[PDB]
Structures are given as structure tokens and as C-alpha cells.
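Enquirer: Next come the chains, spelled out residue by residue.
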Amino acid sequence: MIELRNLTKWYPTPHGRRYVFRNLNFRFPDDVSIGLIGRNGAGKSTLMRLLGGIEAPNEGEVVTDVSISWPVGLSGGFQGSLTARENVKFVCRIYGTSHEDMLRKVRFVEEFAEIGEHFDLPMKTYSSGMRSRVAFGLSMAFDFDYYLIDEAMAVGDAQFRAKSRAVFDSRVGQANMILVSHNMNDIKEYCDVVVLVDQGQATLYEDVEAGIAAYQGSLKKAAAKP
Amino acid sequence: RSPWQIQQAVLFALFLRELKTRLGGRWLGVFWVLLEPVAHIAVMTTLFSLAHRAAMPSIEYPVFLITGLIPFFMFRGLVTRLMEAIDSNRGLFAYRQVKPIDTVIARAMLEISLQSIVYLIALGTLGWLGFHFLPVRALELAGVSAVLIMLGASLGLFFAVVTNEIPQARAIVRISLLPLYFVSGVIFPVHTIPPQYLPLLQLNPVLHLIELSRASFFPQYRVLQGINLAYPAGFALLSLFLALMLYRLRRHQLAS
Amino acid sequence: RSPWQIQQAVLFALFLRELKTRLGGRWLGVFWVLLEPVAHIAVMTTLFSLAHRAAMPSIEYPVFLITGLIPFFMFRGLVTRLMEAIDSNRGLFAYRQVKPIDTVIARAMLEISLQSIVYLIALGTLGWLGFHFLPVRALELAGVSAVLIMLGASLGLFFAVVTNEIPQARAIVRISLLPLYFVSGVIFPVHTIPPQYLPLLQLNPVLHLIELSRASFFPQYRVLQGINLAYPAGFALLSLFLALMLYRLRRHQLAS
Amino acid sequence: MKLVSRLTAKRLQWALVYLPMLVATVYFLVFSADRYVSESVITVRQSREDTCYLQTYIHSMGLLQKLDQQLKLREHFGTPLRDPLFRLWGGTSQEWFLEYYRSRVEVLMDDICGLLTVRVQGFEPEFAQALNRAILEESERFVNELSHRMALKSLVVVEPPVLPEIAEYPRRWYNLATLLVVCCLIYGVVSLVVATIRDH
Amino acid sequence: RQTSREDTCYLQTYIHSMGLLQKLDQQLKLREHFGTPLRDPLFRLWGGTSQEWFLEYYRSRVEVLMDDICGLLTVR
Amino acid sequence: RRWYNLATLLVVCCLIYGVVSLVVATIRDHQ
Amino acid sequence: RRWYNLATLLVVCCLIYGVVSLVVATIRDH
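Protein chains in written order, with the numbering used here: chain A, 6 to 231; chain B, 1425 to 1680; chain C, 1425 to 1680; chain D, 29 to 228; chain E, 228 to 303; chain F, 33 to 63; chain G, 9 to 38.
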């Protein structure tokens, strides 16, 4: 169960408060896959960050009784001067995971990353792909009830993308996923319900096709505005 | 999952995380942090030995200097590393159950443990040289040290919360700390300065704490009037209440 | 496109870049860079006025203290801001036609201009209070100031090149600068300290520079023996040659 | 490293908190012996050099031999068989006897008056007062003899030695409390250090 | 005063001395007077207390302050 | 003191030339 | 003092050698 109660989030600008959400109250459907769609700047990424706990709402709150993951593939939470083994160890201490569990978590991340000796080298020497790989491994290291993706399927090379797709296909049936993607084929394949974000309001569609049609109609209406 | 267990886990993670940054990667930060007191000891012993002999022929300079210098180092370290705690780990706030107060108190406990180690090492090497190291009254010394630690941590937390989104204030409080080295009378005994400027110097709580620590540490140490523990104790309690209240008021804005 | 022209353009750009960063975002940095000297003026005047009166009844404390404190502030600012120049703009070397030496000399000229402005303001406010401000021998004072500026910039560049890929050294040189405040004899006249420790204190070049600046600034100021300009001049020349040579050797490795 | 992780918590808890306090409580509440204190405050007048000589003379060896001849300190201090720490074991060396005596009598002098205070410990209050009185008499005779040997001066007793009613130095509760504080601090530091070495 | 600081600081030491306490207890019966308030158990002299505790109580009840710039003894 | 002065002036001139040449090379390194 | 003088001369020779080594590394850089 995920609920946004009185969620009001704004951005500080010199011309005033750029409000993104105003008194947003919305209940996510339970034990289903969610496709968060909307226009550019409508508020998909910030809502995903609010769900993942990266950014706290200015007003209201998010109430959840299930585990919500961080953006998968995000390298912003790392330390450049700290190596990957100590980084995933620190993330393990964040969630209070036991020593044996941390060991395998570390071994699993190291084996999935396929980086090598640079696994004992810090992120300030890493590239974008290396950071994406280690972030993806640290994301899969924990069994989350909900996994959040924002265009994380286009990272890495073809082999890494295929490995991630196979892993997530094996994961399907064990955990839920909130996906923010501009490609509606992925929404049709991976998501069971659709949540459209527009003008600070979230609308739920139990049918993926209906939500896609509604978003396309909203885009056409926006383009038709003179 | 009670809040206490996750709080303890994240505190331990932050503490060892800070320990890694503060100490050298080659495990050599202890060398510099032990060099810091001995240089001051050397320069003050070569600069004010005969002045202290003229001051009082009862307590030798090295122990009297250490027993005031190390608590002052603990205080300045607490203030300095506590005021910079929040604006050093902005990315780490991305994870849930992190908070800034956990970072500031992890830095506080790291500083406390490190300076306790330095104090124990200094007392050991002082007793190895034939000096006097055993405190005559250790309970009063422990209470005074606890009050000083609480005051330093409270001031550091207050400066961390208040001077958010203005680094420049952090630039000036440091220059306020330099005269406090001489105002507090840690180096030279305060019994020598004439009373004409005493009351203005009685408003420094760390002065009262240092004289009371010296009185509880040494046998037959004369403490002058108006060096009660009540004034620094009330200062520390009021500042801690104010800092906690200000942090509670500005909670989500500090996380950012 | 002559090398001097592009060098001047990038120096002006880098110069204003350092300016924006050093000065406040609300055009307020002049306030604190004027507040730093006056606090030390106040505390030293309230702490050592009668001591200076007992020292010599010829030169009043404010002008004598300013004329040594401002050059020392310029020297310490040059060293501190110069040694941190390379490891502050690591994202600036991505563009070509730029070098770390451009950043260090832009910071040097910014510090020189700021401290020259502060010195002129202090001299003006000193002459507005009825004191003596006009230098009796200004050419010798200018030469001494130039030597001190070159020595400070050279030491800062040397510490910038040498202590790359080890920030911990930058942690300890600050604690090497605090005793230098009292060793140099800027606050109190050096004529009072007994000669028993003079030969150890004559190895400080900034001491010689400060006494020579005071001698060239004041009429009938007695300079003690062994305060020749030759020793600090040779120190500055040798250090500048060594620093430029070390920069030239570690040129491509510095920028990364 | 195999035993480094084997210290766990309960072993460290036991061997660093509870066993030392068991032995401390057992010693203080049963094995300890009371040590009464007699306090005197004297000065020398016709002069900081003179009370300096006196302060050196109180802890000297010749005064110790004279007092041992007079009052038999070695026999008196060996009586408390229950206390093994603060008793004078028989057949011990002369140097240890001097160190023990110097520990038993504490000599202090204020710098702003020159008053010299002495506190003499003994296992019987009358013996402590007698030892303090003998110390004062021998000091007076010593300064008079030093004045006479050159070829005038007398001791001033601001406070004559008292006869104590109860002993004051073997404080058991205060020692237990400061042991609590020191033990807790030593636990905290060593547990933090064992945690960080184990995490490595 | 004669007809310095040494004699008045000797007095400062002597006011809290045990011999003066014995003389005052003989003269004025301090033990009997300081045990009269029974409703106050914190600032009363309990019966059958040790001589050391009696001396500490007397030192708490009599406060002696020294003015060094004037050399004046204030006894409260 | 002819020889001491000559040696000191030679060392000083060598250091000055080294500094000037290094500064000139650093200025030239802007292509 | 033969050994003290030899140690001092060794130290100053090592320092001189280091200085000329860095100088000759600098000039050799084209």
C-alpha cells in the first residue's frame, strides 16, 4: 500500500515558488505493476524521487508499508573517493543487513558488475557505464517490494542490457515495478496499470491502453493549443 | 524494526564512514593528531617556563598545560567538525533513514573518542616521565568534562543548523575561535592577569570549565571567585535546548 | 594570437572568477576583510598597550601594529589561497589554453589587490584619527613589500605543486602558521625578548622583512643586528626558482 | 583474526565490567582497613628557604630512622593482616620502607602564605597523632640545630595535630563510583575500536 | 594591623581550624544549638555524628572571604 | 672581498636567469 | 669529530645531488 497524503511540493525560483504538486492525495493499487507516464516536466521524476525517499515533500507525506527502492542505475548516491565494495557495504549497513547477507550481497554485486580489479578502485576513476553497472548491481542486491525505473533499460552496452532484461524477467512474478518510460511498448509489456501525471494531478487507469490513449489525447490537446 | 536499532546501525555506519575520511587512508592520521598538542607544548614550555615559575612554585608546567589544553582541543574540534557535518554529506541524504542529526552526532562521537584516546596517551606519557598524572578527584573532573562536551556539541549543532545556505558564517566563527585560545587562560594561569578585566572574561563558560577541571584534577588548587559551574551548566543546557528546538523547527529544509 | 594576449585574457577571466568566489555573492566581502584586522587591533590594544608604553615611548601602538599586521595578513593570505588554487578548479582544465599556473597567479593578484585596498583604507582611517601615516622612506618600503609578496607567492606555489595528491599536508601547514604569528614579532616589538633565543628566531625571513618595513616606514626606528635584507631576498629567490622548476618538471601530471 | 571476532560482547562485558567490580567490592567491603588521619599546619619564623628545607626534611631518610627508633613505625604498619595492599610486609627493603612512609605522610605548602600542612595516616588515631607530634618536634629540633651549627628561630603551629574520630581515606563508595565512570569509558572506547577493526 | 598579609591569612586558616572549633563548642555549645531544628533534616546537625562531620558542618556554616586588593577578611 | 662577491653574484645571476627563462617558457606554452 | 663531520658532509652531498638531479631533469625536458 502506497499513499500520498496532502503531498505539496514546490521548487524555489526567483519569481516565486514553482509548484509541482499541490495537495496531492493518491493511493497506488496494490501488488500490481505501475507505469508512471506524463508530459516532460509534468512531475514523473520528482514523484519517483518522493516515493524512493530521495527528496522529502514540502507538505504532506508518503505512507507505505512495503519497501520502495531508489532509482535503479542512479549513481548520485555514491562517494567518488570510496570503492564499490565499501559503498555496497555502507548501503548494507543503511538497511541493517546481517554479515553473511552483506557478504553474498557483496559477492553478487561483484559478479554481476563484471568490472574486475577496478572493483577495488574508487568511483572518481569510474566512467558512466561503470557507475551505471555498480548502481544496477547495488539495486538488485536487495529484495525490494517495489522497484523504480526511469529509463534505466537504455544504460550499458547490448550485453549488459540483455543481462539486466533477463534478470528482470526472472524477477517478474516476485516483485512489483514502477516504470517511467517514453516508450509505450515497455509500458504495455511490463506494467499492469497506468498512472498519468498532469498539472500536479495523478489519474489511475486499470487498463494500460486506456491510459496510453488518454496521454496521447492530452499531448494532442497540448499541441493544438495556440 | 524499532527506530532505536536502525538509528544505532546508521550511527555506526556514519561513525566508521567519518573515521575513514578523518583518519588517513594509510592509517596515519593519529600521527598528525598527536603532533598537534606536542608542538604547542614545546613552544609554550620554551616561551613561558620562567613566567610560570614566577607565577606559582607548586604545579609544574607540562601537566598543568596538558590538563587544560586537551579539553580545549576537544571543544574546538567538536565545534569545528560539528558545524561542517551537514554540508559535507549532501548525497548521503538520498537514502531513507539517514537524517542530518545522525551525521552530526556520529562526528561528535568520533571526535570524543579520538580526543579521549589523545588524552589517555598524553597522561600515559606524562606518567612515564615521572610527573603527576593520577587525578585526586576524578568524579568532579568527569562531570566537568561531560558539561564541556555537551556545551561544545550543542554549539556545533547550533552553528550547523543556523548557518545553513550561508557558508560565509562558517568562515568567521573560526576567526572568533583564535582569540578564545588566549581569552580562556588555558596557556597561562589566570591568577596573574589584573582584576580590571576579570568580569568581562568571566562570561566565557569554557574558562569556568577549564578552571574547575584543573581544580578537580590537582590537589590544593586555588579557584578564584565567580568560577561556579552553574553559569557554564546553564549556558550549555540553554544552548542545547535552543539548538534542538531550531533543528526540530527546520527539519525538512536541512535535508534538501 | 600571441601567447601573451591569450594569457592576459585567461588571466583576466580567471582573476574575476576567483574574485566572484572569494567576495560575497551580495557584494559583502569587503565587510569581513575589513573586520579581520580591526578585531586583532582591538584585542591587542586592550591587552598590550601598557606593555608597549613600557617598551618604548616613541611610537604609538595603532600605527606600529597596523604597519606589521597588514603585510603579515598579505603573506598568510598569499600562502593559504595560493596552495589551494590547483585543487579548487579541477573542472576548469577541460578547456585548453589554460594552465594551473594561470589560476595560481590570478589568485595571487586578487589577494594582492584586496590586501592593498585594505592597507590603503587602514592608512586613511589612521590619518583621519590624527595619527602618523605618511611613510618617511616609501621606496625602501615598496621594495621590502615586493620582496615579501614574492616570497609569499613562491611559497604558496611550492606548496601547491609539492602537495598535490596529498591534501593532508595542507591540513598541517595551517598549524605551522599559527606560531609564526607570534614568532615573527608582529604584535610586540622584538626589542624586548632576551637575546638567548634570538639566533633561532633570525631564520624567519618574514621577521627580517617586517622589521625592515617598519624601519623604512618610521623615522628614527632602531633596527637590531642581523636583520639584513640579503637573507630574506636570497630565501625568496631560491624558493621561487625551486617552485618554478618543480612546476616545470611536474607540468602535465599537475593538470588532470 | 579468528579470535578477534571471538571477543563478541558478553565475554568483553564480563571481563571488563563485572569481574573487576566483583574483586573491587570484595576488597573494599571486606579486605580493606581503616586509615585514620591527623592533620597539622605549621610554619617557621624568626623565609621560604626555611620551610623549603623543612619540606625536604619531612620526607628525608634520617627523620624516618629517628621516627622508627622512637615509635617503631615498621611494627605498627604491619599489623593489618586483612589488607594486603596498604600494609607493610615484613622483611621488606629500606627503600620500599621509605616509599611507604612518604606515601603515608603527605606534606603540602600554600604559595601565598608559606603555610605547610601535613597529614599523617595511621591504623590507630592515637598513633597518627603521636607520629604527627613527633614529626613536629623533630622538625623544630632540626631547624634549631641548623641555626646553631653555623655558630634564634622557632616553629609556629597555626593548627596542632588533631585526634581523629573516624578514618577518612579508604573511601569505598566514591572509589566504586569513579571506577564505574572509568570502566564505562574504557568499555566504550575499546568497543568502538574492536568494532572498527572487526569491520575491516 | 601591627602595633600584614601573613597574619591575616594565618587568621583565614585559623578560623576553620579544629582547635578553634573545640574552643567554640566548649564556650557556646554549638552541637546542642545546631541540632534544634528537627523539621529540617538537610541543614541540621544530626545527633551522634563524627568529629570530622562536625568540622565539615562548621566549615559550611561559617564563610570566610578574602579581599586581596584591600586585604580584608569578611566572616559570615 | 673580490672572490666572495664574485661567487655570490654568479650564483644570484644564475638563479635570476633560471627564473626568467622558466617564466618565459611558461608564457610561451600558450599556443 | 670524524664521524659527525662525515655524516654532515654526506647529508649536504645528498642534498646537493638531489638539487642538481632535479635541475638536470628540468633542462633535459627539451
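By construction, these hints were calculated from the structure, which means they are not laboratory data. Any given hint could be a false lead.
As a list, the in silico DSSO-like pairs of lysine-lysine whose alpha-carbon atoms are at most 27 Å apart [what the hints assert, rightly or not]: (1) A/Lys193 - A/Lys168; (2) A/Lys168 - A/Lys129; (3) D/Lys30 - B/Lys1444; (4) D/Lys38 - D/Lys94; (5) A/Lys225 - A/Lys193; (6) A/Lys129 - B/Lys1444; (7) B/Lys1444 - A/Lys193; (8) A/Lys193 - A/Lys226; (9) B/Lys1523 - B/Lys1444.
Enquirer: State for each hint whether it applies.
Expert: Okay, the hints, checked on the actual structure:
1. Straight-line distance between C-alpha atoms of A/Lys193 and A/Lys168 comes to about 21 Å, which keeps the hinted pair within the 27 Å bound.
2. Distance check on the hinted pair: A/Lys168 and A/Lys129 sit about 25 Å apart at the alpha-carbon level, within 27 Å; holds.
3. Of the supplied pair hints, the one linking D/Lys30 and B/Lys1444 holds, its CA atoms being roughly 24 Å apart against a limit of 27 Å.
4. Proximity of D/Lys38 to D/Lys94 is assessed by CA-CA distance (about 55 Å); at most 27 Å being required, the pair is judged violated.
5. Proposed proximity of A/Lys225 and A/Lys193 is supported: the alpha carbons are some 21 Å apart, at most 27 Å.
6. Only pairs whose Cα atoms come within 27 Å are accepted, and A/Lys129 paired with B/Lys1444 is accepted, the gap being roughly 17 Å.
7. Under the criterion of a C-alpha separation no larger than 27 Å, the hint pairing B/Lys1444 with A/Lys193 is inconsistent with the structure, at around 47 Å.
8. Note on A/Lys193 and A/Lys226: the hinted pairing holds, with a Cα-Cα distance of about 23 Å set against a maximum of 27 Å.
9. For the hint pairing B/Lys1523 with B/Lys1444, the CA-to-CA distance comes to about 20 Å; that is within 27 Å, so the pair holds.
Checked against the numbered hints above, the structure violates hints 4 and 7; every other hint is satisfied.
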